[PDB]
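Below, in structure tokens: the form solved without the named molecule, a single chain.
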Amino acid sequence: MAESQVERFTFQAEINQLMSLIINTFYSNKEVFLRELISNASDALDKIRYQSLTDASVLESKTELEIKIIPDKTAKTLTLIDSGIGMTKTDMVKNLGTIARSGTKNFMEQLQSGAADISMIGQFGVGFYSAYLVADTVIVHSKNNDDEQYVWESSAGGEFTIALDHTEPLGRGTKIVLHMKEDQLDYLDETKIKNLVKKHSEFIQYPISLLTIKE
């Protein structure tokens, strides 16, 4: 018998107002979820890369500095793994739900007025939550050098889960898994995504690797 503890946290309120608004945004152009997936993971690699210069040890947990994208049609899932700085348990609680940003209020406000477009989400510091434009439930694994590997889970409810992760070990970094929704499955099409990635890679300084999973 396997045993693990699952801690259950409750989302801040306007960052749950955000997930609500996002999952009902009948937006035609959702492809910025991937735009944000790449950027976030690029910013992560920058944090461990700039820490490299001032302390060479930080890379010892995982030498490779790259991004992997993993479309799985059978599992109905899109995975994006980076080998950046990664989050601790505290960093996941803080950065991923509980604490609100100040541009959560301002983003939703001008999304409704029309001043901001949904593709402008990343400029309000909440680019992450765009993952819910194409996914019903989002799961984040992370491994910072200062903590054990932890897994985050949310189906966009008022609620999220955190727990010590005993799945595929990451040396260091973040693995965000998108459990795609039926009407967005054409985003798992090999060519559709390939092209879409390289379209939103034209400014990325890191090696990207697209691993297409097959039946």
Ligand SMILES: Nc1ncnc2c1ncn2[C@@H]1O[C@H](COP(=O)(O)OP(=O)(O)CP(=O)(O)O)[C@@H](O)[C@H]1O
The other form holds:
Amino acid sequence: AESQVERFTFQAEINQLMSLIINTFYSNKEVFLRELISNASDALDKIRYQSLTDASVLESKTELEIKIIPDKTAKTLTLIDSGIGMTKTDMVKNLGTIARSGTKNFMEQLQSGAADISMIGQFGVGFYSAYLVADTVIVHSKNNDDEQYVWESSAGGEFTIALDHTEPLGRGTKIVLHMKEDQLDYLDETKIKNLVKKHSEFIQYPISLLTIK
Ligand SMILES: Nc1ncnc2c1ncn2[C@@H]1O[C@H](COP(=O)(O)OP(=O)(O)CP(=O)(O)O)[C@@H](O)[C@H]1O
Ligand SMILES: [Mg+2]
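Show the form solved in complex with the named molecule, please, the one above being the form solved without the named molecule.
Up next: the whole complex, starting with the chain shown before.
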């Protein structure tokens, strides 16, 4: 097999944020689940609204749903949506190379005490909450306008993007969190089942919890 892999450097402030998220103790890291579900919901909304003005956008995948997959053997939590998806350029621009002023301000407020980790989503950097519980994050995504791509980072100032040769999504995003050893309790069946219930009260799309044994 062969793949071309492109390597990118994180914007300096995003690199600093990732370092802060990883190298500091946080008591309650539950916000990561809220943020991942929120992104899935937003993506489903986007394709849903696009369909109202152009019905054909749904032809790649008719269902609009979220699947959450804890896998203890693999030490992974996977969240799949059939939302809008991201092109390669979408992933480069949205997941590391561009920072908004929310990043600097969040780090300031974390240090001053004005903000805690649970408010990360108010600063426009909700995605990076994944690194509270994960050593490596892998983002597989398929947008109607591009081939399926896979973004991966274990922080440390770099991410990679490659044409995806794993299972076709049709359309949407599959995010795979490789869980830190001390955060593996997030993969416990009843714990994740109940947290999903807790962080999906206002979600208007079906959620399926698929526990891998
Ligand atoms: N499942 C998904 N499908 C499509 N795009 C996604 C996605 N998850 C993340 N993204 C993209 O990455 C960007 C960054 O996500 P992130 O959650 O950090 O910020 P956000 O724009 O959702 C505001 P917030 O900080 O409130 O969550 C999003 O704006 C979106 O474009
Ligand atoms: Mg978000």
